[PDB]
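Colleague: Now for the letters of each chain:
There are 2 protein chains.
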Amino acid sequence: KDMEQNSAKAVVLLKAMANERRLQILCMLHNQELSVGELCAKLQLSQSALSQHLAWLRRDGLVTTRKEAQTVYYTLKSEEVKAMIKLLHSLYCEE
Amino acid sequence: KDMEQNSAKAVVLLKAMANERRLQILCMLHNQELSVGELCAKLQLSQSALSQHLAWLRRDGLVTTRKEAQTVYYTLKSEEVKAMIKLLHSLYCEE
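Chains as they are written, first to last, in this note's numbering: chain A, 1077 to 1171; chain B, 1077 to 1171.
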């Protein structure tokens, strides 16, 4: 019943974070709002591939956007992902 | 440098948890030591497939074992996974 529904909900979030590039994006958005350009410069990633990771994180509800006429700013969306990144940040990001 | 080493270390742990069955096993081991039989009865899983999940979790350092002459008892191993399950438990396991 709920065991398979909650397990699925959590797995969706875990699968979205179980990627080196996707995790680095989320960790950078910890208590911070960044644009596509700011992420591109801080990650050495092509815009085409960076847009693919952002699309995956957006489709699964891990990040939400805000536009400043054409510039898109990204930020962590769900409280579950915010708590997940906060804990991971202290375990691996030295803070 | 460390960015790709720490990201890899965290991804290994996230990939191990990004599975409905593997996550249910870890959640059951939260502050609890259980044998193979106790897990088999509480999860409706075949012993062959349950041993495969336990082997994956063991190889990646998420669980460690203890034997009582022939009975194997499982428990969460790393402090990182213990903190991860503790947070997930409060977000989805209602406690």
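In short, the hints are calculated from the structure, not lab data.
Keep in mind that a hint or two might mislead.
Which copy is meant is left open, so a pair is good if it fits within one copy or across any two.
Unchecked claim - Pairs of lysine-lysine, DSS-like flavour, derived with a Cα cap of 30 Å:
(1) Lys1077 x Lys1118
(2) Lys1153 x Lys1085
(3) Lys1143 x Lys1077
(4) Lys1091 x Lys1162
(5) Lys1143 x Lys1091
(6) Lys1118 x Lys1143
(7) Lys1077 x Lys1158
(8) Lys1162 x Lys1143
(9) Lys1143 x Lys1153
(10) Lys1153 x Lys1091
Colleague: Hints first: check each against the structure and report whether it holds.
Modeller: Here is what the structure says about each hint:
1. In this homomeric assembly, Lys1077 and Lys1118 come within 30 Å of each other (Cα to Cα) only across copies, at 14 Å, whereas the closest approach inside a single copy is 43 Å.
2. When the C-alpha separation of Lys1153 and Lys1085 is checked against a cutoff of 30 Å, the pair qualifies both within a copy, at 15 Å, and between copies, at 24 Å.
3. Taking the closest pair of Cα atoms, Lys1143 and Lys1077 never come within 30 Å of each other, the shortest separation being 40 Å inside a single copy and 33 Å across copies.
4. Taking CA atoms no more than 30 Å apart as the test, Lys1091 paired with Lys1162 passes in both settings, with 17 Å inside one copy and 18 Å between copies.
5. For the identical chains of this complex, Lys1143 and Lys1091 are intra-copy neighbours only, at 27 Å inside a copy versus 33 Å across copies, given an alpha-carbon limit of 30 Å.
6. In this assembly of identical chains, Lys1118 and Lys1143 lie within 30 Å of each other by CA distance solely inside one copy; the values are 20 Å within and 48 Å between copies.
7. Taking the shortest alpha-carbon separations for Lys1077 and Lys1158, both the intra-copy value of 27 Å and the inter-copy value of 25 Å come in at or below 30 Å.
8. Taking the shortest alpha-carbon separations for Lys1162 and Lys1143, only the intra-copy value of 25 Å comes in at or below 30 Å, while the best inter-copy value is 36 Å.
9. In this assembly of identical chains, the alpha carbons of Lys1143 and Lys1153 lie at most 30 Å apart only when taken from the same copy (15 Å versus 44 Å across copies).
10. For the identical chains of this complex, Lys1153 and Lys1091 are neighbours both inside a copy (16 Å) and across copies (21 Å), given an alpha-carbon limit of 30 Å.
Against the hints set out earlier in the document, a violation occurs for number 3 only.
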